[PDB]
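Each chain, letter by letter, is given below.
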Amino acid sequence: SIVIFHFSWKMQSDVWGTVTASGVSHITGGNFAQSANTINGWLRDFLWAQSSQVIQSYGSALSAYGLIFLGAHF
Amino acid sequence: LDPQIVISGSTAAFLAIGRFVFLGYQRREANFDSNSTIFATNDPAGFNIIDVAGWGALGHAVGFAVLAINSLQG
Amino acid sequence: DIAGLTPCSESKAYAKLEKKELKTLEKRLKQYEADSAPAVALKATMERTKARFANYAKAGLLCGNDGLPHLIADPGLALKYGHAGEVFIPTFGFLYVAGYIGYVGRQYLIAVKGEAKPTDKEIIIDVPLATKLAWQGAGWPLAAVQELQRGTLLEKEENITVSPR
Amino acid sequence: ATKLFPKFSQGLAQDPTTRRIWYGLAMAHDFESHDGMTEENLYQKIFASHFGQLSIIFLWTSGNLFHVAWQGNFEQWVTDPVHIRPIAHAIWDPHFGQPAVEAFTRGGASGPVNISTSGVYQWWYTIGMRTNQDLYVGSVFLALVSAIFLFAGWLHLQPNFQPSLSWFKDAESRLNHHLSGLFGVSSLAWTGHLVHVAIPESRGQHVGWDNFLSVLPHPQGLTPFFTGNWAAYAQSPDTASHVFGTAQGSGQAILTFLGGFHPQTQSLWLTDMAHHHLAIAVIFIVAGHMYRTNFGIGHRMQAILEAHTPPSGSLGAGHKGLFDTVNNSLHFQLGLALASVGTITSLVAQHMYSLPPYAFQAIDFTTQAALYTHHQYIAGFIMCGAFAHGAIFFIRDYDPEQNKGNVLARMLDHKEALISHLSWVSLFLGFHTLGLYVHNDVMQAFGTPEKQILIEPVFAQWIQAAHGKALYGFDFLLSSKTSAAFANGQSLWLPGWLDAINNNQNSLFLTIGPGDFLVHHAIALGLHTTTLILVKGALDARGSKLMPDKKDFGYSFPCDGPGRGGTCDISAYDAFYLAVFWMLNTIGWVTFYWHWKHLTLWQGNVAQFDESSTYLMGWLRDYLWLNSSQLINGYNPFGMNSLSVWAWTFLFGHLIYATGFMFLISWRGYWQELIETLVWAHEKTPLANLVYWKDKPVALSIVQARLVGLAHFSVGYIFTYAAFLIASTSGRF
Amino acid sequence: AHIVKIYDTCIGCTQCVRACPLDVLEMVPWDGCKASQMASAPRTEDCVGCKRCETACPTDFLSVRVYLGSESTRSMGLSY
Amino acid sequence: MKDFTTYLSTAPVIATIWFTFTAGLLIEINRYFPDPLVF
Amino acid sequence: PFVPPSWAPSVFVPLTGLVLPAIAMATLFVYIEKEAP
Amino acid sequence: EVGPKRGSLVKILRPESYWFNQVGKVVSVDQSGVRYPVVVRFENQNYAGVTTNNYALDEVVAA
Ligand code: CLA
Ligand code: CLA
Ligand code: CLA
Ligand code: CLA
Ligand code: CLA
Ligand code: CLA
Ligand code: CLA
Ligand code: CLA
Ligand SMILES: CC1=C(/C=C/C(C)=C/C=C\C(C)=C\C=C\C=C(C)\C=C\C=C(C)\C=C\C2=C(C)CCCC2(C)C)C(C)(C)CCC1
Ligand code: SF4
Ligand SMILES: [Ca+2]
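Protein chains in written order, with UniProt numbering: chain A, 604 to 677; chain B, 32 to 65, 83 to 122; chain C, 63 to 227; chain D, 2 to 734; chain E, 2 to 81; chain F, 1 to 39; chain G, 68 to 104; chain H, 34 to 96.
Be aware that one or more of the hints could be misleading.
Quick list of in silico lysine-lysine cross-link-like pairs, DSS-like style, CA-CA up to 30 Å [stated by the list, open to error]: (1) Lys-175/C with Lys-44/H; (2) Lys-44/H with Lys-416/D; (3) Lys-120/C with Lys-78/C; (4) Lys-218/C with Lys-175/C; (5) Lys-58/H with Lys-179/C; (6) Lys-685/D with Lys-142/C; (7) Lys-35/E with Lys-8/D; (8) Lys-175/C with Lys-194/C; (9) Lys-38/H with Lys-175/C; (10) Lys-2/F with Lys-92/C; (11) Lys-546/D with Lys-685/D; (12) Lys-8/D with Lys-170/D; (13) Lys-552/D with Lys-218/C; (14) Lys-89/C with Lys-452/D; (15) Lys-101/G with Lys-8/D; (16) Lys-685/D with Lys-697/D; (17) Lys-218/C with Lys-405/D; (18) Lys-218/C with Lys-546/D; (19) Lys-85/C with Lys-452/D; (20) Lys-120/C with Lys-85/C; (21) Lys-183/C with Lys-218/C; (22) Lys-35/E with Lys-58/H; (23) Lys-38/H with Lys-218/C; (24) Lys-695/D with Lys-120/C; (25) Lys-175/C with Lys-2/F; (26) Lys-81/C with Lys-452/D; (27) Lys-218/C with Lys-58/H; (28) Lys-105/C with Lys-142/C; (29) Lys-218/C with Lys-685/D; (30) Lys-38/H with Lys-546/D; (31) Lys-101/G with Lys-695/D.
Chain D is faced by these chain A residues, among others (derived, beta-carbon under 7 Å) [as the list claims (entries may be wrong)]: (32) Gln-637; (33) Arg-647; (34) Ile-658; (35) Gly-662; (36) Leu-670.
Don't read these hints as lab results, they were simulated from the structure. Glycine included, every Cβ here is placed at the ideal spot set by N, Cα and C.
Next comes chain A alone, as it looks inside the complex:
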């Protein structure tokens, strides 16, 4: 679980992202080299911030994921 969390944060922070004019912008803005050295950073920037999509997925095509997100907690 820690391995996949590190992979997801590193890829979304320093590898994946769109390409703009004269610069590359990542998904999270490259906050892994500044916020991954603390547990609070992992809980806030990677777990609290990135879970916004799975909790507000209701009413869209990803709502099922949200349901499973709740079911899996059960």
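Given the coordinates of chain A, work out where chains B, C, D, E, F, G and H with the ligands should sit on it, guided by the hints.
Same frame as chain A, but now just chains B, C, D, E, F, G and H with the ligands:
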């Protein structure tokens, strides 16, 4: 409402119903209820100081309740 | 009306909610063509939404301040203001099916209990006997009441195992 | 060889392993299990323990008073109790850097201080404290009282001062003195303080020990009391424009029953509280003359118990022999006391948030949240303790021969029926509440919120309408103006009460909907399941079909071995152990409901709670995820603020909880084998084998493991929720 | 040390003695069963409390009972 | 065939067939009667 | 008055955090390992 | 000849027994002076997987 008349009447009335009405019943219940002090008295019906204090307390409470209710003007 | 609620046929939030759902469905439908499978599916969903809202308002349901319907669980209020179809009739319906299943299972257990090997009849279901009892369980309340009146529904105290206290 | 510790158990003292220290520490208060313990010595030890506990409580109260008078801002908070935050005490931490020092420097102080959430400021200000000198005098007085209690505890254990065994069993005298003296006289004294100090201090008149003997609390001066014209005391009360602490619009009455709340402070009237304490003081004093002690008159609890058997034989022997099985069993009395205490604690939490008794307490949202949660968790722990002591009573002090045919024996006679019906209730509640929640969640996920099941709580709303709330429209009892119940209180207390209950800006009977109905069912599920576990563990403590001789093994033991299919968690201690988790879960649900409803009320949007409390996604996103944004932002790479301590406490509680999971999942054997390998490693290491242990290192026992895991679970749970609650409420307001 | 007791319901099947891993139980002559034998516990100072004997007992209820008592070096089964 | 019917009469096969029938009946009921919330 | 000095936390906090716990821990540890006669 | 007849059904009265208030078939009754001569076999096994036990003369009642 006169406080002296109400208090005197209430105390005398409950002492009368305690000495001439509920004395035998209280004595029969106290006997079946089964270091101490025996309070000997010259009353022919055994109305000791303890019973006088208890009945007087009930009479004073009822008299003060009557005085208070009449004082409220309701 | 009841508990400060208004009927769904006269609630503004109810109509606004219906318009919101139809608006998002229509917005999703505008991106497709007219004679394509997703468009027909979206139109079918929209028709289902219209029929659902019309049926809920037609049923006389009571809505709240959020535009959603409310159920009346009190038997007196339900039978007095025309709300017995929410929680009363389905309650008796579940009671009938619940006692139906319970009586069928009880009859099967008591029937296979007197046989030589009841455990085999428990892991391997005797389909003919189970089917016969399933069809005969329609008179479960009558049979249960008759069993209760005869005293054969319960077991005596001396025939049940208990702890050493 | 045999060590000196413990001194109360020679068997534990002969233990050459680390288990001796843990067991000696965990069995020190088990007075009945010591070496050479009698009944008289047992009661004397408990008496000394009671005195020591009282001394600790009083010293702690004095410490709070002293710190508020020294590092607090009580002298400035009383002048502006709406825009000034209370200060608990200063902070002296050498680990703090410059940003921490300026971040915690708040509340008008000169250094880093902690903002209190206990609500002692409002309570002390309401009872009469105005200057720091009053708090200092109170702290000194309470410290001296604590010292006297400690000396009394030491004195009662020495010869010529130890009470006899018969003295401890004088139930009639002790109950008469507690009902008349500890309850009635104490309440009467509080009435005297409220009338003589609190009421004059709230009207701008300073009354203290230097001038209370010359200042009259009423202009008539004790005359209406002796003349029976008590109605003159309620004349000229505080008007609707009264300012707390000043004489503007202040009345002259001392005992009224206006009801409702004060218009400014949004708290109960002081005159009504004084009148309340006087009435209950009279009732408790009168009730203190019910049992016969040394003057012939009175009652005998044994006679009343033995004279309460129905003629039909429905209760068997009735209550015959109940006096002997209770007076001779300390666990029964402790269980009854803990049950009543826990219920009263829950009553306190509910009554204090709904009916605020202290001035400017409703505006302090953090105080309300913290106080309610604190009292509810304490009540849950106390209830679990009551049931645990009941199980201890069945195993240690129950006598079937003495209790033959009474209600107590009949409880064990049909215990299977009780456990089965509790199981059915818990199963029904769990299945239906979970089903309705999942159904509402699926409807919200599929984009159809009108398809979810929303049952209107007509029963509780009907009760609220009976109390006087006209929002629903039932119009009956106190809601209808033509009713006798309504017209009979219009001249005594109904105006203020109706004005306060119909106002939707307070916590007095809040409006409820389907979300409240569903969460109430969840609360009922938690209560019934916790009761099921505790009741089943107490009734099955003496034995069952799996262990017919469980009464011969004591209250707490590991198991009966892997035989008979397995006997893990078979003791009553294990039932309590599994019930603590359900208690924490139930209190978690009630505190979550309270916090969310009040947060949406204070934010001015109750519709958010009413619309998102029906599906669990709303609870997880709109309450747990939405209110933690400021909490987890206490410290980040951009700096920190005063909310960083709550973020650290949040992570601290999470770590403790996860650590408890280790003792809860992993069991002894693996650890003992690992310890054996470590023992070999230390014994075969040069320059280190010269330092040998005095106690043989062994793995923690099964019971100790369960207790350690439970302790970590509870500590992490409590700290995590307290940190989140205080941080969210303080940052939001 | 742990308390090991033998009750009169013992049928003398000798299964509890064979299941004992530290040689605590034994068989003595008796006159209360057909086998004319009865289990005995004369070396309870070496019992650890594994309850293997209780698992091996076939009587209902058990004839051999183990009660956890004061822990020591032999009772805790420590090799150090 | 007797052994095959006995195998089909076991608890998991009977449970599968019964739950499939019940689920199919409920699904078809909701299909021909969309969104039933009341009676 | 009963007000403590300004330097009181700087002396009582290190005392209660390092002097008192060390003395208490050492005393208790010595007491636990005391062998009976 | 003393005790219940072989092959009959008796009820167990021992409170600590797993088969308390349950019916069991009689197997054999010992003719010596043993405390528990009646042997009762039950269709349902206990938690230990045993189906036979030895009970006393007064511990079993004909039912
Ligand atoms: C499961 C528990 C339960 C609870 C908490 C309630 C609660 C309630 N019921 Mg009730 N009820 C129940 C079960 C329950 N019911 C069951 C199982 C039945 C089937 C027999 C009924 C049938 C029933 C009827 C017919 C009525 C209620 C009514 C009521 C409401 C007020 C009456 C009352 O409190 O007395 C308890 C209720 C009873 C003992 C049943 C008899 C009805 C009593 C005598 C009240 C009738 C007097 C009058 C109509 C009250 C209205 C005053 C005013 C508003 C006009 C109240 C909220 C009344 C109502 O509000 O009408 C909409 C009403 O008339 N109930
Ligand atoms: C013949 C089937 C049957 C019947 C008549 C009952 C009846 C009863 N059960 Mg029970 N139960 C059953 C099966 C059954 N159960 C099974 C299979 C289980 C294991 C999951 C349980 C587990 C169970 C528990 C844990 C509890 C009960 C309880 C109860 C009592 C309360 C009512 C209730 O609905 O509880 C709830 C019922 C359930 C949770 C399970 C229902 C399962 C289905 C619907 C029953 C039929 C299944 C079966 C495969 C069909 C028969 C096939 C045959 C025709 C070929 C009641 C007398 C409670 C009690 O102790 O008494 C007060 C209680 O706590 N039951
Ligand atoms: C009038 C005489 C009298 C008085 C005043 C007391 C007083 C006391 N006795 Mg005692 N006792 C007496 C006679 C008396 N006794 C006699 C005659 C006997 C012999 C027959 C005994 C035998 C006896 C025993 C064996 C014990 C006591 C004990 C106690 C202490 C109980 C500790 C406690 O629970 O806190 C005080 C409790 C209350 C004030 C009641 C609180 C009511 C509820 C719970 C709270 C509600 C109040 C309010 C809402 C909360 C305030 C809010 C805010 C201000 C915080 C207490 C100080 C215990 C003890 O010794 O402790 C050292 C105990 O072990 N007594
Ligand atoms: C008036 C309250 C009261 C009283 C007088 C007692 C008295 C007693 N209880 Mg009891 N109990 C109570 C309430 C009470 N209990 C409550 C509220 C609960 C629910 C939590 C329990 C649950 C309970 C159980 C399960 C048991 C007892 C037992 C006992 C008996 C002896 C054990 C003992 O106390 O040793 C000393 C107590 C301890 C050493 C406490 C253990 C250490 C705890 C876990 C501290 C952890 C807190 C942690 C460090 C907090 C710091 C966190 C921070 C650093 C971050 C004793 C007569 C035991 C018994 O009867 O023996 C057979 C028994 O098994 N109680
Ligand atoms: C989220 C965790 C969780 C859950 C759901 C439960 C649930 C339950 N506990 Mg439990 N408990 C827990 C944690 C949990 N516990 C923990 C951590 C402890 C401390 C060790 C305990 C200790 C404990 C004790 C000591 C007891 C319980 C009891 C119960 C039962 C109470 C009866 C009830 O509410 O009926 C509701 C039923 C349910 C909620 C079951 C869930 C329904 C499922 C989701 C439906 C099936 C889904 C679908 C149809 C099929 C999917 C399966 C698929 C593979 C095909 C219940 C099943 C009590 C009990 O046994 O009651 C008789 C009991 O005594 N609990
Ligand atoms: C977050 C909870 C938690 C924590 C902290 C631990 C911690 C640990 N586990 Mg563990 N585990 C857990 C959950 C946890 N586990 C759960 C839920 C399970 C069940 C599956 C297990 C099952 C398990 C097994 C099977 C094993 C461990 C092992 C270990 C130890 C590994 C050694 C190590 O990590 O070095 C360092 C220690 C830590 C990182 C722990 C935290 C130490 C803190 C950060 C230091 C703070 C010091 C501080 C200044 C102290 C001052 C105190 C002050 C008040 C005076 C370690 C102590 C292994 C072991 O035994 O050791 C090799 C082992 O085999 N665990
Ligand atoms: C139980 C009540 C209580 C509590 C929880 C605290 C807590 C605290 N005090 Mg305080 N104190 C108290 C009572 C209390 N005090 C009383 C009654 C006095 C008046 C004599 C003082 C005088 C005092 C001063 C002058 C200072 C503190 C300071 C502090 C803080 C630093 C840590 C410390 O312990 O310092 C020291 C605590 C003391 C010297 C008081 C101990 C004296 C009592 C009588 C001993 C009690 C023994 C105890 C019950 C035995 C068990 C404890 C333990 C061994 C298990 C801390 C927040 C310092 C501060 O402000 O930090 C910023 C500081 O300078 N306290
Ligand atoms: C509860 C009381 C307490 C107190 C009062 C302190 C106080 C202090 N700690 Mg400490 N700490 C504590 C608990 C405490 N700690 C706990 C529980 C832990 C485990 C989590 C730690 C872990 C810890 C670490 C890792 C460090 C500190 C450091 C420090 C020092 C801060 C360095 C500084 O900026 O000042 C200026 C520094 C000085 C003026 C030098 C003073 C030299 C020492 C501290 C005093 C003289 C030694 C004295 C004679 C011996 C006392 C021992 C006594 C018990 C017998 C400071 C004096 C830091 C440190 O040690 O500084 C290098 C640091 O590295 N602490
Ligand atoms: C185990 C055990 C035990 C037990 C315990 C318990 C029992 C617990 C619980 C519980 C609880 C915790 C309870 C409580 C309760 C309560 C009640 C029972 C109540 C009530 C009510 C009423 C009666 C009311 C009325 C009213 C109303 C309705 C409102 C208004 C007012 C009036 C008054 C009118 C003991 C220790 C003894 C011992 C033995 C063992
Ligand atoms: S296993 Fe039980 S019955 Fe057999 S010899 Fe041992 S104690 Fe006796
Ligand atoms: Ca003053």
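Hints not upheld, ascending by number: When the structure is compared with the hints, numbers 6, 7, 10, 11, 24, 28 and 29 turn out to be violated.
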